[PDB]
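Chemist: So you can see what is in the structure, the chains are spelled out below.
Number of protein chains: 2
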Amino acid sequence: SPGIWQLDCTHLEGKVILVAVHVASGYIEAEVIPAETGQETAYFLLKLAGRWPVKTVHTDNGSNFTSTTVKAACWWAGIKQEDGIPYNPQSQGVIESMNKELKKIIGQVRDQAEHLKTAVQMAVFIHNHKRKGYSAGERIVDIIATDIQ
Amino acid sequence: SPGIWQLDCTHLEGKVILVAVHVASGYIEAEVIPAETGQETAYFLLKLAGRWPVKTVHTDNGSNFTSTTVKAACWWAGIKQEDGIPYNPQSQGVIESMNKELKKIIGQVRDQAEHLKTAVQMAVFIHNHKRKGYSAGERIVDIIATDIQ
Ligand SMILES: COc1ccc(CNC(=O)c2ccccc2C[N@@H+](C)Cc2ccc3c(c2C(=O)O)OCO3)cc1
Ligand SMILES: COc1ccc(CNC(=O)c2ccccc2C[N@@H+](C)Cc2ccc3c(c2C(=O)O)OCO3)cc1
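For the record, the sequence lines run as chains A and B. With the entry's author numbering applied, the first sequence corresponds to residues 57 to 188, 193 to 209, in that order. With the entry's author numbering applied, the second sequence corresponds to residues 57 to 188, 193 to 209, in that order.
Chain A extracted, bound-state conformation:
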């Protein structure tokens, strides 16, 4: 559970926003890409696993689940690739809610930058730092530090 992440893809300004959510904490990393391809998703997971102890990724769709490039990156990085089927139905809504909150934040910062990617990183910052009294950034560090010891 300290190592379980969910991939999420959303669309804005004709571009794709790829998100990895740390399930237990609600912490996120995100990138803007022109279109979701296996190569991009693979590259994004490699980056993520080099930064956090990623044991399991719940993939966002069947194209990424099938992708030979995505499977190669997961093998390289020691990641168990899983489907993202919400056997828990309170997961579909939780992601939808996160895309909504994310997009709200991006709207709140959008004028602060020309490039969508800049506004997306600002939104990642504001999301991870928001106290709800611990923030996502706090929760992920505590969850994982507890696991290490």
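No lab work stands behind these hints, which were simulated from the structure alone. It is possible that some hints are incorrect.
Stated by the list, open to error - List of simulated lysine-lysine pairs, DSS-like, C-alpha gap at most 25 Å:
hint, chain 1, residue 1, chain 2, residue 2
1, A, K127, B, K173
2, B, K127, A, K173
3, B, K111, A, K188
4, B, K71, B, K159
5, A, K173, B, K71
6, A, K136, B, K186
7, B, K173, A, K136
Unchecked claim - Take a look, some chain A residues computed to stay more than 10 Å from chain B by CB distance:
hint, residue
8, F121
9, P145
10, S147
11, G149
12, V150
13, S153
14, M154
15, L172
16, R187
The C-beta atom is built at its ideal place from N, Cα and C for all residues, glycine as well.
Once you've looked at the hints, dock chain B with the ligands against the given chain A.
Modeler: Only chain B with the ligands this time, still in chain A's reference frame:
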């Protein structure tokens, strides 16, 4: 000191590798960019601070120290920008050694990908996961969790 990071720029294949080192743990994030500009450096720090509690950044040179874009990103992200002057004479050496180690890893994985950026991220992965017996990834999480509590 849980929040202190050092910027480092190194060169390979006619490109720039931008590195942020978490001073206490030796954990790193890195990116490939065409050339170090204030805008790229600013963007890299924004990404970094949204992912980890960055209190202080020791900038890698006087151009980034002066950069009005870099100062604007630091202000936005709550980052104290400082010089990277190695008042401890053993800071020049640690960085030199890290660039050497990094470039060595990149050499050990280089054939595993066409794009330098892919090899750099593999190298980041291998660096952060190496047991030294705790890894850099383990140390940074330990250091910061101890601070949160
Ligand atoms: C990240 O540091 C920041 C430092 C300062 C600001 C303040 N806002 C403005 O000055 C501004 C506002 C609106 C439109 C254009 C601009 C001018 N640009 C240069 C901002 C910028 C810088 C670095 C980047 C960017 C962009 C971008 O516009 O997307 O894209 C990737 O690296 C934002 C971000
Ligand atoms: C991260 O997932 C990986 C999955 C598999 C491999 C195995 N190695 C090869 O198949 C290979 C080896 C040498 C040359 C070209 C290739 C073919 N490409 C498509 C690998 C690749 C994929 C995604 C990317 C890349 C690149 C790249 O070549 O740099 O750049 C940004 O996103 C590496 C990385």
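Chemist: If a hint holds in the structure, say so; if it does not, say that too.
Modeler: For each hint, the structure was consulted:
no. : hint            : verdict
1   : A:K127 x B:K173 : holds, 19 Å
2   : B:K127 x A:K173 : holds, 19 Å
3   : B:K111 x A:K188 : holds, 21 Å
4   : B:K71 x B:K159  : holds, 13 Å
5   : A:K173 x B:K71  : holds, 21 Å
6   : A:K136 x B:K186 : holds, 20 Å
7   : B:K173 x A:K136 : holds, 23 Å
8   : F121            : holds, 21 Å
9   : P145            : holds, 30 Å
10  : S147            : holds, 24 Å
11  : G149            : holds, 25 Å
12  : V150            : holds, 21 Å
13  : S153            : holds, 20 Å
14  : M154            : holds, 15 Å
15  : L172            : holds, 12 Å
16  : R187            : holds, 12 Å
No hint from the list above goes unmet by this structure.
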